[PDB]
Amino acid sequence: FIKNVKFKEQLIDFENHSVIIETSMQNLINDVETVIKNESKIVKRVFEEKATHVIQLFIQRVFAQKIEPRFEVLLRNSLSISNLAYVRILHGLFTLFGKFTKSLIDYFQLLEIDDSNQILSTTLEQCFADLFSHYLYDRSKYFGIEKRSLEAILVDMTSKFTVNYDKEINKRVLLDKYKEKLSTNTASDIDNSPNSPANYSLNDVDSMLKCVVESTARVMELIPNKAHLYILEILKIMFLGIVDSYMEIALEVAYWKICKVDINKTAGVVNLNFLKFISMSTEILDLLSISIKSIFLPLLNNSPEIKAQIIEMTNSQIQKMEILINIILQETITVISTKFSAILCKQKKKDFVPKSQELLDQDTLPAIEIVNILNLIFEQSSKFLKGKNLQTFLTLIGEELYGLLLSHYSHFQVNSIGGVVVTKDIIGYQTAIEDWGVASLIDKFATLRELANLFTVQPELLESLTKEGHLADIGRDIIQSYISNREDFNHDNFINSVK
Amino acid sequence: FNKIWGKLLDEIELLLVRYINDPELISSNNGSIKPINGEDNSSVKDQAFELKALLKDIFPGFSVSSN
Amino acid sequence: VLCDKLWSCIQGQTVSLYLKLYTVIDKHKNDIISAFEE
Amino acid sequence: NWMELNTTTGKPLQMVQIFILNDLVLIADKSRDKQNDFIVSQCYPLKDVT
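Those protein sequence lines, which keep their order, are chains A, B, C and D.
Numbered according to the numbering used here, the first sequence spans residues 4 to 502.
Numbered according to the numbering used here, the second sequence spans residues 2 to 68.
Numbered according to the numbering used here, the third sequence spans residues 2 to 39.
Numbered according to the numbering used here, the fourth sequence spans residues 40 to 89.
Just so you know, these hints were derived from the structure itself, not from any lab.
Just so you know, not all the hints are guaranteed correct.
Computed list of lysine to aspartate or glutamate pairs in EDC-like fashion (alpha-carbon distance at most 20 Å, straight line) [to be verified]:
1) C:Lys28 x A:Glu71
2) D:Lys50 x A:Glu224
3) D:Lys50 x A:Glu128
4) A:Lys40 x A:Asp117
5) C:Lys21 x C:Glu39
6) A:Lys105 x A:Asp34
7) D:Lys73 x A:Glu128
8) A:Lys102 x D:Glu43
9) B:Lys35 x A:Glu315
10) A:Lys229 x D:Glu43
11) A:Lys427 x A:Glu471
12) D:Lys50 x B:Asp47
13) C:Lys28 x A:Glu75
14) A:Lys427 x A:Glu437
15) A:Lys105 x D:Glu43
16) D:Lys86 x D:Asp62
17) C:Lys28 x A:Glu12
18) A:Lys296 x B:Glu51
19) A:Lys105 x A:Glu36
20) D:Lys73 x A:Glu115
21) A:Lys150 x A:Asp16
22) A:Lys105 x B:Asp41
23) A:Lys47 x A:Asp118
24) B:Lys35 x A:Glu308
25) A:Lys268 x A:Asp192
26) B:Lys35 x A:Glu325
27) C:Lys21 x C:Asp32
28) C:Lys28 x A:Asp133
29) A:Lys40 x A:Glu128
30) D:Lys69 x A:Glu437
31) A:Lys150 x A:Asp247
Sequences are here, hints too, so could you generate the full structure?
The structure is reproduced here in structure tokens:
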């Protein structure tokens with residue numbers, strides 16, 4: 004009749020089983036263990052049959068004495084504290100029933116009778132299974148309410164993990180209700196880094212892996228062979244917590260960083276969001292992918308419905324979450340692509356619509372908006388961000404910078420000496436986009452560099468400089484008319500070449 | 002039912018045995034299903050979570066992610 | 002019509018709100034729920 | 040009398056009599072098959088038993 008003393012709880016941290024209290028019935032279990040050896044020797048002498056009634060009615064009087072009163076009292080008190088408290092301490096409580104049960108296995112070996120070493124031993128283990136059966140595995144109390152308090156501690160310690168990232172860095176629509184609800188069917192925070200979430204920083208995935216793989220191990224080793232079903236249940240609750248609450252909540256955190264998608268001349272809230280989604284990729288995708296892979300290799304016992312946890316749970320979260328992040332890297336690719344494309348070509352009618360056919364060959368808003376838009380966009384994080392997408396961030400975001408070179412550098416619409424201003428400002432961006440963090444532009448913006456020396460077709464430098472190597476990035480009949488992308492095309496008979 | 006989905010069983014089981022008559026004598030006896038990324042103790046599972054922490058620094062972890 | 006599944010049920014199980022919340026009061030004081038339930 | 044172990048988790052499995060015959064193995068769970076008539080025959084031939 005204990006009154007649930009402190010403390011109770013001090014045990015709900017992101018770790019294994021924890022602080023007070025004993026057990027204090029392992030006191031009573033040791034007392035029944037040496038009392039068991041005592042009446043074992045005494046009734047071993049003073050009886051005729053052996054299991055009768057020591058194993059028969061005095062093990063029955065043991066659990067009827069102890070496990071009825073003291074252990075259902077312990078369920079009343081441990082459950083009277085909380086649920087996940089008595090879930091983990093039910094794993095420890097019944098694990099202690101397996102401890103003292105194994106002490107009745109070695110203490111059973113202190114006995115020396117074969118039918119007692121038959122299921123009369125497992126009658127004591129069967130009354131241990133009766134103490135199991137008061138909170139039986141056959142109900143959803145021992146597993147599904149253990150999964151329910153595991154969802155309490157799961158959404159508690161995991162959903163509120165990355166606290167200001169989960170709730171909130173957005174409304175949160177955050178392109179998950181906007182882009183994935185449209186395409187697969189903008190300032191949101193500012194401005195440092197992947198700073199809990201992503202992921203967070205793999206430590207929340209070590210927290211959710213810690214407690215969730217902890218109690219997953221606890222109900223795993225604790226419960227009977229009906230385990231792979233609940234392994235798909237709670238593993239699918241990790242598909243809730245990680246493939247949905249950290250691919251689409253704590254990476255909707257990262258998609259609140261990709262709420263700076265469509266970031267045309269808005270590359271400051273995507274100057275801290277390259278590392279945020281890049282570390283969702285690195286920590287969340289790398290850590291959750293290899294950790295869920297090798298952890299899932301242990302978790303699959305022998306079933307072929309376990310392959311439905313391989314393909315449809317895990318690998319379809321790699322293809323589905325691949326559709327999450329890479330399409331948000333397609334619309335984040337539209338954020339950097341609209342950034343350098345719209346913002347870097349946004350020079351006025353003296354640079355990007357220049358008629359300066361014999362002067363103004365220098366740097367301008369092509370250099371300032373190329374180095375500012377791109378080199379403030381991707382040379383802020385994405386130069387040092389994703390190596391988890393190394394050739395994808397560098398070679399593909401820089402390959403879209405080469406696409407942005409086809410929108411800003413090879414699409415700088417300036418005249419016969421303004422093209423030379425593209426040969427000092429967009430060729431002044433060709434090396435600079437190759438240092439802007441999206442840095443694959445040393446060959447196709449360098450094609451826009453020779454095209455920039457081709458886009459300066461005046462009446463003395465129009466034929467063979469436009470007929471250079473990468474000056475065929477100017478048009479096939481628009482080599483001499485390479486400044487037909489300008490106000491004035493090519494200064495008195497642009498089109499005397501194709502015939 | 003064990004014709005109505007008996008034959009829906011077996012006509013499925015031959016149909017994929019159609020599609021795994023690939024041009025090798027394909028011999029179809031592996032069963033590995035890998036995603037996009039290639040004990041015997043109590044706390045060894047926690048050592049497996051910490052082995053995923055050993056995987057948290059492994060390798061970079063580098064991959065490709067573009068579209 | 003529809004509150005008989007929803008709120009006329011609650012107008013037929015009104016005290017059964019606190020009575021049904023008392024089901025957790027023996028298994029595992031009573032002021033802030035059974036007096037000011039809003 | 041090999042009380043078997045769950046080989047993955049390292050916990051115990053059910054018990055099994057080990058019946059090593061001349062050229063075939065009967066790793067049989069005789070529980071609660073107290074015979075030894077039709078006990079649970081984890082069986083194979085010895086010529087490829089590893």
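Each hint tested on the structure:
no.	hint	in the structure
1	C:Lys28 x A:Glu71	16 Å, holds
2	D:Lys50 x A:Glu224	8 Å, holds
3	D:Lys50 x A:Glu128	16 Å, holds
4	A:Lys40 x A:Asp117	18 Å, holds
5	C:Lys21 x C:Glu39	16 Å, holds
6	A:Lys105 x A:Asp34	15 Å, holds
7	D:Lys73 x A:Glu128	18 Å, holds
8	A:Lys102 x D:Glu43	19 Å, holds
9	B:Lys35 x A:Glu315	11 Å, holds
10	A:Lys229 x D:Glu43	19 Å, holds
11	A:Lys427 x A:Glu471	18 Å, holds
12	D:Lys50 x B:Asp47	16 Å, holds
13	C:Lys28 x A:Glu75	11 Å, holds
14	A:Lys427 x A:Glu437	15 Å, holds
15	A:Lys105 x D:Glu43	16 Å, holds
16	D:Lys86 x D:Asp62	7 Å, holds
17	C:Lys28 x A:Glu12	19 Å, holds
18	A:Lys296 x B:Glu51	14 Å, holds
19	A:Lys105 x A:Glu36	11 Å, holds
20	D:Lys73 x A:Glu115	19 Å, holds
21	A:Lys150 x A:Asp16	17 Å, holds
22	A:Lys105 x B:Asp41	17 Å, holds
23	A:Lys47 x A:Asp118	15 Å, holds
24	B:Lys35 x A:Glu308	15 Å, holds
25	A:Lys268 x A:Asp192	16 Å, holds
26	B:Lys35 x A:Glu325	15 Å, holds
27	C:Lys21 x C:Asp32	15 Å, holds
28	C:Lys28 x A:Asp133	19 Å, holds
29	A:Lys40 x A:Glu128	17 Å, holds
30	D:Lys69 x A:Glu437	73 Å, violated
31	A:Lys150 x A:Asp247	17 Å, holds
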